[PDB]
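So you can see what is in the structure, the chains are spelled out below.
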Amino acid sequence: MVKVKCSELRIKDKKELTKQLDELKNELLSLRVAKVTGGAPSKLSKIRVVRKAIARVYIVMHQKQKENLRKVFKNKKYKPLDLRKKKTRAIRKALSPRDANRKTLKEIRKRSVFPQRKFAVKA
Amino acid sequence: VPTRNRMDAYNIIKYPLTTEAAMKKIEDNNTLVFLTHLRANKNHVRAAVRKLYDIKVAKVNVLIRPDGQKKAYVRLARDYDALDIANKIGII
Amino acid sequence: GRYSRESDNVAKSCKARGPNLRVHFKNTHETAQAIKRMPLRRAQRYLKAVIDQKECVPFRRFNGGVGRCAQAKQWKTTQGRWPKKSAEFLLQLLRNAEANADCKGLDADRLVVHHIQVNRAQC
Amino acid sequence: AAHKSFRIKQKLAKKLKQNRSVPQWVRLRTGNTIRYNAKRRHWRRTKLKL
Amino acid sequence: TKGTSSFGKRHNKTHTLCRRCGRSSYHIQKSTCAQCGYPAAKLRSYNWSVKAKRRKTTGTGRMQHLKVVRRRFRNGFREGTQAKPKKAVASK
Amino acid sequence: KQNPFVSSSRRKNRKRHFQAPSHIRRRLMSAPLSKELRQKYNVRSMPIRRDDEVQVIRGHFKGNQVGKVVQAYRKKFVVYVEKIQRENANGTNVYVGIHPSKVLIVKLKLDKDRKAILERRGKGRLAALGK
RNA sequence: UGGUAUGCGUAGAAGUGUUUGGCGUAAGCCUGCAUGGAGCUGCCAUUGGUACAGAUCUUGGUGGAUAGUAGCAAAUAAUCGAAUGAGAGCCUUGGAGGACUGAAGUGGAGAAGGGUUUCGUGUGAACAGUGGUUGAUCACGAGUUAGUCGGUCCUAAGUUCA
RNA sequence: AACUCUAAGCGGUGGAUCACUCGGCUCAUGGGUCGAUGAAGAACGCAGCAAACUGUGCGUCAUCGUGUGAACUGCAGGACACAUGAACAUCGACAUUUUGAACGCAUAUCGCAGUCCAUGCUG
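Residue numbers (PDB author numbering), protein chains in the order written: chain Ch, 1 to 123; chain CX, 186 to 277; chain CP, 2 to 124; chain Cl, 2 to 51; chain Cj, 2 to 93; chain CY, 2 to 132.
Don't read these hints as lab results, they were simulated from the structure.
Certain hints may be false.
[To be verified] Short, incomplete list of chain Cj residues facing chain Ch, as computed with Cβ under 10 angstroms:
id : residue
1  : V70
2  : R73
3  : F74
4  : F78
5  : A91
[As the list claims (entries may be wrong)] Using 16 angstroms as the maximum straight-line C-alpha spacing, the simulated EDC-like pairs for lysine to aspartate or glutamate come out as follows:
id : chain 1 : residue 1 : chain 2 : residue 2
6  : Ch      : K19       : CX      : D193
7  : Cl      : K10       : CX      : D252
8  : Cl      : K16       : CX      : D252
9  : CX      : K209      : CX      : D266
10 : Ch      : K79       : Cj      : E80
11 : Ch      : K64       : Ch      : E16
12 : Ch      : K85       : Cj      : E80
13 : CY      : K84       : CY      : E54
14 : Ch      : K86       : Cj      : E80
15 : CY      : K116      : CY      : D52
16 : Cl      : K5        : CX      : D252
17 : Ch      : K79       : Ch      : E67
18 : Ch      : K74       : Cj      : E80
19 : CX      : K199      : Ch      : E27
20 : CX      : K273      : Ch      : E27
21 : Cj      : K93       : Ch      : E8
22 : Cj      : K87       : CY      : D114
23 : CX      : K273      : CX      : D239
24 : Cl      : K15       : CX      : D252
25 : Cl      : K18       : CX      : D252
Just so you know, even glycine gets a beta-carbon here, dropped at the ideal spot from N, CA and C.
Construct all of the structure, not just a fragment, from the sequences and the given hints.
The following block contains the structure:
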């Protein structure tokens, strides 16, 4: 049984992953069958191990979808809403760093000749 | 995404009821009685039973338990005898 | 334990209690009184007599509005009652103490009741 | 009522689950305050009412 | 005779279970909640009803998303992955 | 406590040790190394690891009952050790709760983890002696 | 509370019961004895949410009334009596037997309502202003299956609102 | 005698008093971090044994990654996967129900449509 590692999953092709989900689900059901009688190990733990095994296999296949989507939407502007850095609502709309630093042509003249220079006072 | 189909044949059938009265209905009336998802529209139940256990389903009648769960009484085609199938699922 | 007067070099004595027993607070007080300092063998016969309505228990403290019984003129007091439920529970605890007495190897004939104390339990 | 709307039936159904006397092995826990299930709603003692 | 008898003819539910708060305070006839202003944008959270806000506030519920936002702030909302400085080879 | 982050406050400190998440509970549930082991490793103390041999310096036993820790029961703030049990009226031998702050660790399990921590303890041992 | 008696202290603190002995006009104090188990006090200054009998005071507890006085009385109301149990007028129940409501029902169904109350099994304390082995109790399980009945749909009085 | 009165000893009744307290209260200090990228709150189902609190969402008392490095614990199924990891924290990757601003329209209905993609059956 030996509780599935994520590392063990990540080598496997997607076709093998989906295939292992079917096999674990049939096992989950066979263990639910045991659960009725108060199944062969007197109170039933093995049912928890396998339900969480199906969760972990689902996740590794989902993460492979997630990165597949990321690499396609990489180089491509306006990526799907869930790839967009869910930070906070305010922060997203709060003026990109380029568009805050923007200074009028005149302010560039003013600063260019006269930038505040590190001097000293006194005795 | 796209978001994977959240009612697989698995999820639809949670458990067989296995209660004392339910077992009688396997014997006599050739029905296999299942605890089902509250999302399972009867036609879900037929599909899932057919697919998981090879059985041709004649009709399905559905009750809600006062325990907030569904009972689905699945009538089997006369070609398939219940009691063999219940013990293929491993439960007496 | 703490039987609250411990009689004679505690080797001669066998004891009983019973709290919370669901019998009327002062019926038990008054029946207890009719047993106090009396030979035990006679005492059971008196309690048997009470329930058989031959004899009235004398209602000493908690006098009213207890009407009147002829049968308490043995005890010189006009007011008697037969309070059957109270007399039964005192009987049980007498038999417990006698049973305890046999275990200690105390002489059965010479058992006299030297203390009964009935106090009020939580309502 | 007598034929209860489905929303009602679900709320009442959960309430039936609550009415169970606490498993007695849970009472034996270290710093276990739980003597009993004490929110046991007995229908003619505590309704649900209003 | 409308004394206890006035209680005796009380059979018609004026309020049913709130879609917003389940507090069973929604007026059938006015289709409007006392307290929680039933589907009319505003929850009616009165500053005269200090106690009402106290019931309706953050912390009475699990605060699921917003709690995670707090820790991510300290992280300065970084998308990436920290990973592992040293070996650490998984082989049997 | 000279630095502003800093609770001397009695109520706050009691929050910390009683309500301790299991990793803080290990620190609390450390036991000092035997005088032997102090010469070998130059380590004050280590946090109890299951096969550790133990001698109880206090109560009733006050010297000896050279036995191995069954489990460190961190939520009870108690360590149970094999051979150290109290006779119950129902003949049932139940383990004596032994705090690790009563104990000498006589034998230290060696893992790569365990050695590394002894080594951290070895390196800091030089420093404040220097100071 | 600052200071102090290099104060007291689990070898028994504080607390408290106390025909211990004594002090002071008193406010009040100490001590003994018993109980106790984890901390505490005197003195000089320093601050107060600082001393209770009351306020138709508050809150909790407890008496006399009263182990029983009101009562537990409308619809006659049982009763023979077999079974069982710790105990059985009822409630457990047959058989039996007196009657009751007297089909405009104390019946047989449903809505409005109830919410597991239905039912089996176990069955004790609490509850049934009485008992109570039994129950709408308490504990443990089960049970409410619809194309055709309702909801649904439809509109009414009327409403939600762009 | 009994009872009553008065006092004392002992037992009840009752929870004052004392001493403790993972809590409360008030002042000070640092920071700014909800929401249509679907909130706060509500409902609903979830633990081997749970009914709540607490936690969580259908992957349900929790999953990646990361840190630490062997528990949890009432009883236990488990414990193994202690060397690739328990369990708790971190929690930056995902999931995150039915709702609610709440968004097809409604809501004493979990009621009823339309549309695209898709599956089985029949053909």
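Comparing the hints with the structure gives:
At a threshold of 10 angstroms, the smallest CB-CB gap from Cj/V70 to chain Ch is about 6 angstroms, leaving the interface hint in force. The beta carbon of Cj/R73 is positioned within 10 angstroms of a beta carbon in chain Ch (closest approach about 8 angstroms), and the interface hint is therefore held. Checking Cj/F74 against chain Ch: minimum C-beta separation of about 8 angstroms stays under 10 angstroms; hint holds. Contact between Cj/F78 and chain Ch, as hinted, is supported at the beta carbon level, the nearest pair being about 4 angstroms apart and thus within 10 angstroms.
With its C-beta approaching chain Ch no nearer than about 6 angstroms, Cj/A91 sits inside the 10 angstroms limit, and its interface hint holds. Taken as a hint, the Ch/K19 and CX/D193 pair is honoured in the structure, with Cα atoms around 14 angstroms apart against an allowance of 16 angstroms. Restraint check for Cl/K10 and CX/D252: satisfied, since their Cα atoms lie roughly 9 angstroms apart, inside the 16 angstroms limit. At roughly 10 angstroms between alpha-carbon atoms, Cl/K16 and CX/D252 fall within 16 angstroms of each other, so this suggested pair holds.
As the CA atoms of CX/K209 and CX/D266 are separated by approximately 14 angstroms, the hinted pair is consistent with the 16 angstroms bound. Pair hint Ch/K79 plus Cj/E80 holds up; C-alpha atoms about 15 angstroms apart against a cutoff of 16 angstroms. Proximity of Ch/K64 to Ch/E16 is assessed by CA-CA distance (about 13 angstroms); at most 16 angstroms being required, the pair is judged to hold. With a C-alpha separation of about 7 angstroms, the suggested pair Ch/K85 and Cj/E80 falls inside the 16 angstroms cut-off, and the hint holds.
This hinted pair checks out: CY/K84 and CY/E54 have alpha carbons roughly 11 angstroms apart, not beyond 16 angstroms. Note on Ch/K86 and Cj/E80: the hinted pairing holds, with a Cα-Cα distance of about 9 angstroms set against a maximum of 16 angstroms. Of the supplied pair hints, the one linking CY/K116 and CY/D52 holds, its CA atoms being roughly 15 angstroms apart against a limit of 16 angstroms. A distance of roughly 14 angstroms separates the Cα atoms of Cl/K5 and CX/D252; the hinted pair therefore holds under the 16 angstroms criterion.
Distance hint between Ch/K79 and Ch/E67 is fulfilled; the C-alpha atoms sit about 13 angstroms from each other, no more than 16 angstroms. Taken as a hint, the Ch/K74 and Cj/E80 pair is honoured in the structure, with Cα atoms around 15 angstroms apart against an allowance of 16 angstroms. Distance check on the hinted pair: CX/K199 and Ch/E27 sit about 13 angstroms apart at the alpha-carbon level, within 16 angstroms; holds. Distance restraint check for CX/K273 and Ch/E27: the Cα-Cα separation of roughly 14 angstroms lies within the 16 angstroms cut-off, and the hinted pair is therefore satisfied.
A C-alpha spacing of about 11 angstroms is found between Cj/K93 and Ch/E8, which places the hinted pair at or below 16 angstroms, so the restraint holds. Pair hint Cj/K87 plus CY/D114 holds up; C-alpha atoms about 13 angstroms apart against a cutoff of 16 angstroms. Restraint check for CX/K273 and CX/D239: satisfied, since their Cα atoms lie roughly 11 angstroms apart, inside the 16 angstroms limit. This hinted pair checks out: Cl/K15 and CX/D252 have alpha carbons roughly 7 angstroms apart, not beyond 16 angstroms.
With a CA separation close to 8 angstroms, the supplied pair Cl/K18 and CX/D252 stays within the 16 angstroms bound.
The structure fails none of the hints (numbered hints given earlier).
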